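Residue-level listing of the chains:
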Amino acid sequence: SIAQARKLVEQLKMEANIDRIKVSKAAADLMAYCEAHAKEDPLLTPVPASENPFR
Amino acid sequence: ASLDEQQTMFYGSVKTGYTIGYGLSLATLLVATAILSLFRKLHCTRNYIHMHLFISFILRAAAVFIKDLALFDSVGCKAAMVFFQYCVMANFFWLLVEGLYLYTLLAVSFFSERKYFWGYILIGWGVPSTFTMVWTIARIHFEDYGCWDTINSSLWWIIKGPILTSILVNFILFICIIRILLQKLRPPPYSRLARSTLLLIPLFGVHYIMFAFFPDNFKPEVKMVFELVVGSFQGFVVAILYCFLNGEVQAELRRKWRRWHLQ
Amino acid sequence: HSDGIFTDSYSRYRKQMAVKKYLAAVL
Amino acid sequence: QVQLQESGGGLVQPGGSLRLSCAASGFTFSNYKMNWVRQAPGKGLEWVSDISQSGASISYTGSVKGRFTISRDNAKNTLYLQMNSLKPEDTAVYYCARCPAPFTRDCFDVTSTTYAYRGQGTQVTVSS
Amino acid sequence: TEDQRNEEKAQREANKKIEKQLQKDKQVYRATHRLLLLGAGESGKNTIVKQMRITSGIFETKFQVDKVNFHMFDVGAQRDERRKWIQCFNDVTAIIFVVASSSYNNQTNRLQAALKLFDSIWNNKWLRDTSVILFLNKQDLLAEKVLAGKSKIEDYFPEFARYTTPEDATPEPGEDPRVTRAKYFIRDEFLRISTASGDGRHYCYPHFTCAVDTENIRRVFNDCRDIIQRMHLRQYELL
Amino acid sequence: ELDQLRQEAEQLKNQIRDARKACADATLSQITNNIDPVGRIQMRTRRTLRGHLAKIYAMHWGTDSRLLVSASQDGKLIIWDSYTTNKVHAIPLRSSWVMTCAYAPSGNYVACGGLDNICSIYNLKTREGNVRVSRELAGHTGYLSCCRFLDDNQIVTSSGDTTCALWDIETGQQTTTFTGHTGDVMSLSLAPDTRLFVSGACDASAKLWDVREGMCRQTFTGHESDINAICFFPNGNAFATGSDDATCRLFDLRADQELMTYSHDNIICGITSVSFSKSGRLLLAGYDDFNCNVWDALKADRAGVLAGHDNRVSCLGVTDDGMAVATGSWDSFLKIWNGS
Ligand SMILES: CC(C)CCC[C@@H](C)[C@H]1CC[C@H]2[C@@H]3CC=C4C[C@@H](O)CC[C@]4(C)[C@H]3CC[C@]12C
Ligand SMILES: CC(C)CCC[C@@H](C)[C@H]1CC[C@H]2[C@@H]3CC=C4C[C@@H](O)CC[C@]4(C)[C@H]3CC[C@]12C
Ligand SMILES: CC(C)CCC[C@@H](C)[C@H]1CC[C@H]2[C@@H]3CC=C4C[C@@H](O)CC[C@]4(C)[C@H]3CC[C@]12C
Ligand SMILES: CC(C)CCC[C@@H](C)[C@H]1CC[C@H]2[C@@H]3CC=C4C[C@@H](O)CC[C@]4(C)[C@H]3CC[C@]12C
Ligand SMILES: CC(C)CCC[C@@H](C)[C@H]1CC[C@H]2[C@@H]3CC=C4C[C@@H](O)CC[C@]4(C)[C@H]3CC[C@]12C
Ligand SMILES: CC(C)CCC[C@@H](C)[C@H]1CC[C@H]2[C@@H]3CC=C4C[C@@H](O)CC[C@]4(C)[C@H]3CC[C@]12C
Ligand SMILES: CCCCCCCCCCCCCCCC(=O)O
Ligand SMILES: CCCCCCCCCCCCCCCC(=O)O
Ligand SMILES: CCCCCCCCCCCCCCCC(=O)O
Ligand SMILES: CCCCCCCCCCCCCCCC(=O)O
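Residue numbers (our numbering), protein chains in the order written: chain A, 10 to 64; chain B, 6 to 268; chain C, 25 to 51; chain D, 54 to 181; chain E, 202 to 440; chain F, 588 to 927.
Because the hints were derived from the structure by calculation, they are not lab data.
Please note that the accuracy of each hint is not assured.
[Said to hold, decoys possible] Here are the simulated DSBU-like pairs of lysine-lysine, each with C-alpha atoms no more than 30 Å apart in a straight line:
id: 1; chain 1: B; residue 1: 72; chain 2: B; residue 2: 228
id: 2; chain 1: D; residue 1: 86; chain 2: E; residue 2: 285
id: 3; chain 1: D; residue 1: 96; chain 2: E; residue 2: 351
id: 4; chain 1: F; residue 1: 794; chain 2: F; residue 2: 600
id: 5; chain 1: A; residue 1: 34; chain 2: F; residue 2: 886
id: 6; chain 1: F; residue 1: 865; chain 2: F; residue 2: 886
[Stated by the list, open to error] Facing chain E, a subset of chain F residues (Cβ under 10 Å, in silico):
id: 7; residue: 662
id: 8; residue: 668
id: 9; residue: 676
id: 10; residue: 683
id: 11; residue: 789
id: 12; residue: 917
[To be verified] Derived DEER-like restraints, expressed as beta-carbon distance ranges:
id: 13; chain 1: E; residue 1: 378; chain 2: D; residue 2: 140; range: 26 to 34 Å
id: 14; chain 1: E; residue 1: 254; chain 2: B; residue 2: 170; range: 34 to 42 Å
id: 15; chain 1: E; residue 1: 254; chain 2: F; residue 2: 597; range: 50 to 58 Å
id: 16; chain 1: B; residue 1: 35; chain 2: F; residue 2: 621; range: 54 to 62 Å
id: 17; chain 1: D; residue 1: 79; chain 2: A; residue 2: 41; range: 28 to 36 Å
id: 18; chain 1: E; residue 1: 228; chain 2: F; residue 2: 632; range: 26 to 34 Å
id: 19; chain 1: E; residue 1: 373; chain 2: B; residue 2: 220; range: 51 to 59 Å
id: 20; chain 1: A; residue 1: 64; chain 2: B; residue 2: 43; range: 19 to 27 Å
id: 21; chain 1: E; residue 1: 401; chain 2: D; residue 2: 56; range: 34 to 42 Å
id: 22; chain 1: B; residue 1: 123; chain 2: E; residue 2: 267; range: 40 to 48 Å
The beta carbon of each residue, even a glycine, is placed where N, CA and C say it ideally should be.
Chain A with its partners taken away, still in its complex shape:
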């Protein structure tokens, strides 16, 4: 039981000492990627029936 608590303590040590990126940076990244790949999506943008193979 104490080996389990020492592995959980070493886990929490490894999880504490990491690099954290601010929320607004990656939250702007996600917007950048959704903007960049907006046109190509066939669900966001409806495709003309000449291309859609399911019809």
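Start from chain A and add chains B, C, D, E and F with the ligands according to the hints.
Okay, now just chains B, C, D, E and F with the ligands, sitting in the frame of chain A:
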């Protein structure tokens, strides 16, 4: 005498009654057959036998109308009479097939419906067609007065007998499917048994056993009025109780109506 | 079944009414 | 993060009384049926009692029935267990356990193999 | 595009062979009924599987009675946490639940655990169309334990003293009325649990069994017959 | 001895909570006020795949956007062609219960698993002309809940005895194993670069596991109940989870906390599958109340609804080119939705 005019009024009343009944049981069962055929989920052996019953009711309505045409206005008359004396017998045999199918499900649960499904369509359609052909040949070769309208006991009983047999066997099956419902409500209800009886009498056509062995010469109006009015509304009764009042069919109608609402 | 015998009764009634109407025409 | 904090306990004398608390932090407390489970020293886990969402339906284990009072406070987010008329056979570790799904009636929470949704528990001992 | 028509012909032949195979396997899959055999590990379901005969996770038993095929699936080397894989068992024709009544005056109150587990199975959202058949084991052992000098069940259940033997449930001859009162008390516990919800979609069937007995298979056959008949009657809006 | 380890655990969890509140500069739902909404997404059913007997439990699209594997509970494993609706292969299984199936990125192999504790890898080369068991894996003690192909020679599997495993398909042995959970591990999802993957369990936690190193790096505890599905955002820097508390959650791998919660007051049913779209702007979520909701994944609003099924939606798959979306439910049907 006033006997003449009152008899005329009588026959007119009875003819208007069954015209209204076989109009209503025609329209509401075309609606019911349309709903059952169109809906994909409701396909099942039970609802296939239901659909065969409902189109038998449709052919009975259409055969009464075709027979009524030869009453309003030979080569035609005899064909109308054969189609009229075929649809009725195929309706009673499909009531027999529904009785056999529910007593087969109950008495022999561990069975494959697909193996007997072609043995149920055969009982439903082929055996009335066999009897019908025997009756047609029997009227042709033996003796002919004119259009096949007069009842002659030898010729009449060849298409009478199997109807009495079907009504009897389906009454016995009805007594067995009111024995099994009592043996299954007992460990858990009079109200429920009574509701099951009053929802299983129009399905198996139990009411015919009141006037089954009854002779026609004995009471003129008692048989004719009751039987034609009840029979006429029977299709509407079975349509309301089974197509429009099943939980699953109402569920499917609500689902389709909400999907059309969203779209 | 009731339909057949009813039809036969109605046919015999129509034939008797036809006989009576012809008899009244002639007389 | 689901966390359950038991509070109270300790060495007591028989025939006495004692109140236990369960501080439920990190979830929508008002929608979960909860329950109390106990572990006798050198024996398996056994269910003690339970309590539904609103507080209407209550049940107990037979052998402590009518001796324990279970009550949930949704306002203050705290489960209270009152234990009077204590018995020497009732010494155990106590566990404030939660049922895994919201808006349901069944639970699966007698599992000794590291069930996540119960607290660390509190020691109650009866010394004569 | 002739080659494309050749490939379409190929795929239609493949589709027809696969649909023939599925039509031949649909009969086999709709014929054979399915039982889930759930019991505590102290309760001797191993005796039940050995009577049924006469490293892997799930265990399987295939047998037939009166030319009707029955697969009985035993839960073997699995985890104690039952809440996730039990959702895979909503299409079996029954669940057979086997519990051992221990009443000698014993680490835990296993009967209370059994009642809680049966309650969890009964009130589970996706087990509301699956019937449960119920086996109370060690009845001969319960006969042997009336002479202990004291009673376990009254200690663990305070309602046992204020309980009367049912007038309408006849006891077999040669049984101690104490033991029969015990049996009917535990059966009323399980029936009260099953009757509390009162859904009527699924039912609970209590039966008795000895440590060595042979009628069990016939009981399970008759109760599967009752479950199929009640499901057909349910489909016709008659119950 | 135990007190000086549990207090230090609580101190390290307070440190992690204080670094997450310190790095919480704003939310995603503030900086997306001036974004054009995606409007009512009205998708239509194009196909309906029949031919199953028991309930369908899982499915997986191929990399060609052409074939799909479906797995039923009667013991059938069917390979479908989405265009023509022709069945290309039908495989009969030794055990009946299947909880996972997986179609290799090369199209040569198909894997399946379930209660039997054995992952069956089938070869679709079939020089004889019959499908045959290539190799069966047995090293778990619980139940096998998900599996995924990294490539043709390695397979990741998720078990019900709190462990994950990485196998070698050539040797048949476990290349490594992943022991960090404390409950049933329900599903996993692989990153596009196949270096990391995320694992959701029944303790309301999601773990980030490193395939090559062999230990976990981050733990995300934002949920209240059992996590059923999990899926990456297409760039590999965020991922969405679905629990039984009826909420979807969108997490981040660099902020080391949650970014958004998706919840609607009229919905009190569980989530059984999620999947992003190709661009990532729509998030599809399969709920327990017989419909699949199309969430706007940057506004936390319902863009639409797919109310086609008659029974609980069990699996949901989006093609790699985003051309269509297939859903499989316990009524034994596969609906192929495609927005027009
Ligand atoms: C298929 C449905 C509509 C039934 C059709 C029955 C028709 C095809 C059959 C059954 C009885 C047959 C009739 C039997 C007897 C005669 C007398 C003969 O001197 C002229 C032909 C005639 C009048 C036949 C015409 C065709 C006929 C009316
Ligand atoms: C008698 C003439 C004038 C009209 C024909 C009406 C009857 C006989 C026709 C109309 C509809 C037909 C049915 C339509 C559908 C089916 C279901 C199929 O799986 C078997 C054949 C079967 C059962 C057909 C048998 C014959 C049928 C019942
Ligand atoms: C003479 C008038 C009434 C028209 C009669 C049409 C008859 C001859 C036709 C129409 C419907 C046909 C039936 C349709 C379906 C079946 C089921 C099949 O498995 C055996 C043949 C059988 C039973 C056919 C026998 C012949 C049949 C009854
Ligand atoms: C289940 C089905 C097959 C039962 C059918 C019974 C049939 C075949 C039997 C029972 C009653 C019998 C009838 C009894 C009386 C007569 C009067 C006689 O002058 C001509 C034969 C005739 C008309 C018989 C024909 C055959 C008959 C109609
Ligand atoms: C036209 C109406 C009055 C017909 C009514 C028929 C029904 C309600 C009656 C007539 C025959 C009766 C059955 C006669 C015999 C038995 C066997 C007995 O051990 C149980 C009751 C049971 C099964 C009866 C139940 C009710 C019953 C089926
Ligand atoms: C509920 C069901 C069983 C009721 C059935 C009633 C039947 C059996 C009864 C009611 C009317 C009765 C008929 C009434 C009149 C006559 C005329 C007489 O000269 C011979 C008996 C006979 C022919 C009776 C036979 C039996 C009979 C047909
Ligand atoms: C589907 C609905 C159909 C309704 C059909 C209604 C037909 C009405 C016919 C009226 C006929 C009146 C006969 C009068 C006879 C008399 O008493 O002299
Ligand atoms: C949906 C289809 C319904 C078909 C209904 C058919 C109605 C036929 C009505 C016929 C009325 C005949 C009245 C005759 C009156 C008279 O004796 O002069
Ligand atoms: C489904 C097909 C049904 C066919 C029904 C055929 C009905 C034919 C009726 C024609 C009547 C012709 C009357 C001619 C004049 C006369 O009586 O001599
Ligand atoms: C055409 C179908 C009509 C169906 C009508 C159903 C009405 C059910 C009535 C049940 C009456 C039960 C009486 C019980 C009397 C008692 O208390 O013992």
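Hints broken by the structure, by number, lowest first?
14 and 22
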